[PDB]
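As a starting point, one isolated chain is supplied in structure tokens, in the form solved without ligand 9UE.
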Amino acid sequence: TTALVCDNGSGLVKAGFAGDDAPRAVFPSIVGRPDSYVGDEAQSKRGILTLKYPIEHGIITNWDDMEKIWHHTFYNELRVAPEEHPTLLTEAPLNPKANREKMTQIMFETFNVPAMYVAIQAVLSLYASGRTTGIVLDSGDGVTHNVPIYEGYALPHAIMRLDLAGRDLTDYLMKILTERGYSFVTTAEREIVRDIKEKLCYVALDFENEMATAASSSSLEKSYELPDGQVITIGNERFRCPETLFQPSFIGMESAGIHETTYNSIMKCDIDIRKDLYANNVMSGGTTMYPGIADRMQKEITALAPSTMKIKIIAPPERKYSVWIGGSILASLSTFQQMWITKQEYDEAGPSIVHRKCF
């Protein structure tokens, strides 16, 4: 009995087996329709296909393309029979209960899994760090979440969602590079811009000081080799693109920065657990992979929080796959074997058992 762990993100689906330290299959969470194509095949045939994202802001909105994504994951990507593997799934914070019920119904009736579990992505990220209490900033590709978790339970009254993630940062980087004369308007240009964002962008400790240094000197300018032999230089955009996380007004967003949303989440919690949340600030997701984001978050939260408070920001190097890592840790636990919603339990109780067993 090998457990399947499948973290379905807005931009990337990361699937694999429990006990592994890395998602064996990380592919774009896109479905191409002209029969349909899912993942890298749909991305390659971008022109011939119409691409749709079944998951937006971490919430599944199109269940048909979600079924196609899961079928491709089980058969075309992991190459396993779903009926012989208990499949642990992941869900977004504050996910609608109807979505969880549909998830379990599709897992059990369409794929005939013997068992399944649904866990909140931020809680799995916290599990990957060995914590049950703490605040997690899970910024993936479509949404950012500030999720305080007390003893494995994500407090619904203090979770906030910020519609600002890697997609917005990539679009902002495209806009700035266009402001410099670099034409990035096509999907392939979007992908290479995302590559530059991943490889060169970083979070500045002091945005104004970094801007002044970029204006004065050229030490912050880095060279990048475009696919068509061109070489382009990027200067102050290396820290301007991630700064939208802390200054959303860069793209016209009226919301607050990730540090301010973190402080607001901690303030929405009881004063007795605020110390635990402050001391356990866990970074999770691809959009948290910028260099210097942990130091900047620590500095900004220290500014916002009371002076005597102890603030610790936890940003593991594998925080891009921390959700899947926590899911794999969960599904490979001996005490977790009884939390699997079994086919018998689903048959005797219906999909609503997901609220009673996965909570």
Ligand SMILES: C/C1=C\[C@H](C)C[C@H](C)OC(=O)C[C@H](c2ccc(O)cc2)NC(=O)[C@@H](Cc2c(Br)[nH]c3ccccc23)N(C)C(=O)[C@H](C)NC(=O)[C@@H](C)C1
Second form
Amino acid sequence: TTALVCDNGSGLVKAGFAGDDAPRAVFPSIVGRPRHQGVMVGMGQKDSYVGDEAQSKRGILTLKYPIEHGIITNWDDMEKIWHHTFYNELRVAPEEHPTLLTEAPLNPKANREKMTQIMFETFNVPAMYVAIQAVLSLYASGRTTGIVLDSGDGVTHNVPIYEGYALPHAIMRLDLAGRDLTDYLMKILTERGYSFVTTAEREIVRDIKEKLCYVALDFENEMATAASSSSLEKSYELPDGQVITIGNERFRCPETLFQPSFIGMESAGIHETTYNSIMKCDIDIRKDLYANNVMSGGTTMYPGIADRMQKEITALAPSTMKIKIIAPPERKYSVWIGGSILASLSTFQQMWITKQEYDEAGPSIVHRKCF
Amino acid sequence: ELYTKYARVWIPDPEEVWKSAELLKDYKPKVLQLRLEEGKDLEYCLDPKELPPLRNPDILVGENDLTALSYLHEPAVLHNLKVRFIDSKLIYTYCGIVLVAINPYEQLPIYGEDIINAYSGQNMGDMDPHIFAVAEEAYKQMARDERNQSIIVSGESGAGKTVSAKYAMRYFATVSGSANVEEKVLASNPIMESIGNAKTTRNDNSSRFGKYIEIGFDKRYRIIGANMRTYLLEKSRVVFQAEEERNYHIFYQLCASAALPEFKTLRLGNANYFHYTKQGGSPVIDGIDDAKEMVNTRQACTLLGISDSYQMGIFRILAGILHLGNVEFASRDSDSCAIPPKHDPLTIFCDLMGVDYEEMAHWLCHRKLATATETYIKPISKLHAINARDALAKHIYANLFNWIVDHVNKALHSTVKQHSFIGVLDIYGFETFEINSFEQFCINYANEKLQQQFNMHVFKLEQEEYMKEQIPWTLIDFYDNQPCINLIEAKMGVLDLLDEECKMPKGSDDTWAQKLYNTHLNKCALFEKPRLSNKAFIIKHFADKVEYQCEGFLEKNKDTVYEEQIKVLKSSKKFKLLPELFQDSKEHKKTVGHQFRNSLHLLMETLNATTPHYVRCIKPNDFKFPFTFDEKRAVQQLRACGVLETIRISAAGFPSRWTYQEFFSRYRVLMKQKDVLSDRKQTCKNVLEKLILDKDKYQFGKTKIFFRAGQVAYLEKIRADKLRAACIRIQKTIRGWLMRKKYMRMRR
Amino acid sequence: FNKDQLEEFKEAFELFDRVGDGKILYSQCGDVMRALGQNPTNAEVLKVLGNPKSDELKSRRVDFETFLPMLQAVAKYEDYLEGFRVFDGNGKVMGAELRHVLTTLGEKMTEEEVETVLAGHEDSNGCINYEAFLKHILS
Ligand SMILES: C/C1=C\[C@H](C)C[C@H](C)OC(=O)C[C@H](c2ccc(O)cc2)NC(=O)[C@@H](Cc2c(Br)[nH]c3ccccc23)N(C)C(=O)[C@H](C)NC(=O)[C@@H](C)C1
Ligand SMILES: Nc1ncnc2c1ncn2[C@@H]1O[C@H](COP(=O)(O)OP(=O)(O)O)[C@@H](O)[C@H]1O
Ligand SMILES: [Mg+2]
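Given the form solved without ligand 9UE, state the structure of the form solved in complex with ligand 9UE.
Whole complex next, starting from this chain.
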């Protein structure tokens, strides 16, 4: 039986069968409740919506995200989103199929305990495992050595790996995110006079960030260029058909990843945490980490983030030592593709947590087997 | 013990695999005083402990059935075949239910028509063995019972599997009362040879696939027609050969005709110009004109009603595969590649196929991912480009082969509804070389499955015979190679780890081998590591141990065919055949080892439906001499056909059976008149129970006595002793009486 | 053996002396023993002769006095009947089978010896009454 492979995040849920080439169900991971009195009779009022429905209806709804910063922060809505994933959107009963689940490293243990308890008790899944997102990116990109940098909505984390061994002391985690880039984009957009207050407006800001932002190769030169000229300035159409024009700001938004001091954090940007993670590794491997940097997750999709990273690391790293950035175009999905590869392997079939081992040991088993 | 002076034994000899000896002094517990024919005398060590194979008495030698022999061992089998073949020229012989056919290179009369009318009706033992006797045993069981019947033929392709099949079909046609299966089936052979046969280090014109002819019978058992199928084709040969091998003949027959004007459009070169044909370094087979074989292939196609338009299609595609092979990639950067500008092989490939150059050049260097909502065009490494190109060549060839077999079937079918069929399988036997590689590994796994079916069928027939004769059937011992099959094919078997290593990143033959040693090295008695190397492993098969080298395995096992490259070829409009090949997903991902394991499970489903009958073919000398039997080559062939292992399995049981009157006649010399009785069955029960002490050795059936191995030789020797001593006593009495009379004459 | 026996045996021995020196050959020792009423096997004759080699067996000559202990040593029906019943159960024996076994097994005799003893003993079918033939050859 093909295992399911399911990858949760803040933002999208990605799910499909193991051995497929690409995920079969992708939908934004939102639970929505109506906030207006229902006036019509026979309307068909529904308790709550999940996924794409909440996106279409969104003008009527409060949208909540049940995962902030890779932690599941209300379990009822999360359990609804899994219910929708198995029954509505994959249409396959979980009692038939092993399941593989994905988590950011250095999370609280309770998140794994509850996630397994809900898989065994509430869906009766015959076997489950929990993988690290960064490890799976290496399977997808076809390597056994490299420093993975993976940044989605919520968590950003670096995990160095060398010939199939992790280096736990060198794992780094940061809470810059697609989400905090969105809240920064709203707070700066206000300076041109546009105020996006409600959550369904935030989804618009998110779509502006996807379509129009780009990482300035050199920051102060593009600031001067945008001051000098309109040429950089570009415009977008809100759903009601009004137009808005956004300027130098559109590169300013994804730069905070490089300078967290803009949003107000102090911890250095993704280039300097990549370098500091390599430096915490012992000196013999470091050439091979510089040879492979693997980007993963949607927040590394911005045009020019690969070249800005290569330049800014090359400025930090010793001059002889060749720096290469490996940004495959598919990288928004590569954590799922890696999960597909792993779940397909024959050696892995030994390694699932099985229902009997859970019944014997209780939900703490996950810490012992998984990582 | 059985070793005495004036007894005969077999001694091991490297020039001829066994030599006969006579024992000069009776044994008593570390040396034997051995006579020979090669000089009178020799002195022979015993070894720390062993006794030589003891030789059967010459009443049993030359029997029509090897399991009539009282001692069963390699020397007795090899001798008995040699005396039947050399002295009487009886090429056919039996072993249990198997028919061993020893191929004379000389032609014989014995197949001639009248004998067909002689064999028909006769139960299998009532006539001396001949291929017609198996053809009847199938035809009779088909008429007698519902079941279809199968005839299964194994051996190195020189051994004459095709001649055996041909005569089986003549038997069916002549008894059944026929139209034009035989002429058509024998007309197909040059096509299937040209596209499915290959040249291997041990053998020219080896056949790399299993070929099955379903002869169809009406409800009146008239021959309707025939249907052909093919299984287990090895695809990997198309892209890759070891040294001193060729890929399938048809590429060389095609290149040899490059001068001809209809071929000129193909721009074919000399056979070592292309990348797929040159790698073996062995373009010319000794003693074949390839250009002549091309003309015979074409005329066989014409005789099967493939019009010349399609024959020019077939050769157009094959020239396409050859030109595709030369396409050569330059790497831009370590994870990206492109084809250089105006590359001549790609231009010719696009012209021959019609597909527009820009689209092939684009798709060979990229692959497409797509979620339902979005699609990414992704570059791929020069290595992955080469693997994809080779997978496309293998996929074209495999579909072209399946298509040519569908047309041969269109000529061979006939409209009348098939009531039941008899199906004659030509397959290859167990195979071992100085170098063994993924091809040999797949061939040996197929033979392990067939050998399992044979062992179960023999065990069923013997259980039915024991229940017939009122013996306890719980005695019969069953020998099961399921532990090896589970090693090769079950999850975390060899094939399943090979498929895992294909997908796991930075896979290699070294890391594969290391996974084998971790998984099996001391957990499974059948898996072994060669001491002096880490790149090889040993599987104890049914017949023999075989080293397999790892160096080929992952390069050969990979297929993945990128869907866009097929969709490009399929779109082409220039000619009918290329769209016609690919007409009807997950299967594109499957590795060659997995496609083979599925094809073998189809073959085993086809045979399991059916009651088998077996033929084995053995090739008596390496050089095609008309009747020379070379005991080294025949020993190797008898091991590769599992005949020796069958005989080992039989020798454990009760191999030797006697009917009470036939026993009583022979051993009335031993029996005393007080023992003779009005019920011969009771007489023999008494006499035998005295003569052989341990009742465990023998059993009394309702109508037959059963004996373990050796007991009939023991009885024959005690008979020769009694008759000898009685003869000495009478001879000395007559000699004395005459000379005493001559004494009295001198007294008178 | 007493003096009378020794005298009869010596006279017989001298009748077999074909050279006049009062001696026989080793190869004649067996012949003399059988002529004197013994029925030794060829093995017994060679054993009492001391397993002589071909050369002395064919040319070394021994007188009666050395022969005598050997004759003594060699000297020191129902089996015969069962032995004949081996080759039968109507009390007959094929002439062909008896001829074959006497000329091909054991201590093989010549066809002429067998013809001599068998002359007049086979019937029209070619069958031998073996009790009568045995009594005849024992007489
Ligand atoms: C007052 C403090 C802590 C808390 C309010 C005290 C309470 C008592 O801790 C909990 O048990 C609640 C909860 C929690 C949530 C789910 C769960 O199954 C278990 C605990 N964890 C959280 O709210 C985490 C979530 C989190 C962020 Br983002 N990144 C992280 C990286 C790693 C781990 C976790 C996180 N969180 C926001 C914080 O710690 C904040 C930053 N901490 C502080 O300002 C300091 C001054 C201490
Ligand atoms: N082309 C793009 N450019 C910039 N940001 C993007 C792009 N596509 C998606 N994103 C943002 O990345 C985040 C989604 O990241 P992703 O890794 O797919 O989520 P998850 O962490 O659930 O896997 C969201 O903030 C989304 O708006
Ligand atoms: Mg993610």
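So that the term is clear: the rigid core is the largest set of C-alpha atoms that superpose within 1.5 Å between two forms. Positions refer to the first chain, counted from 1.
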query	finding
Which of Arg167, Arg100, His259, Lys197 is displaced between these two forms by 2 angstroms or more at its C-alpha, rigid core aligned	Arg100
Rotation angle of the smaller rigid part relative to the larger between these two forms, in degrees	13
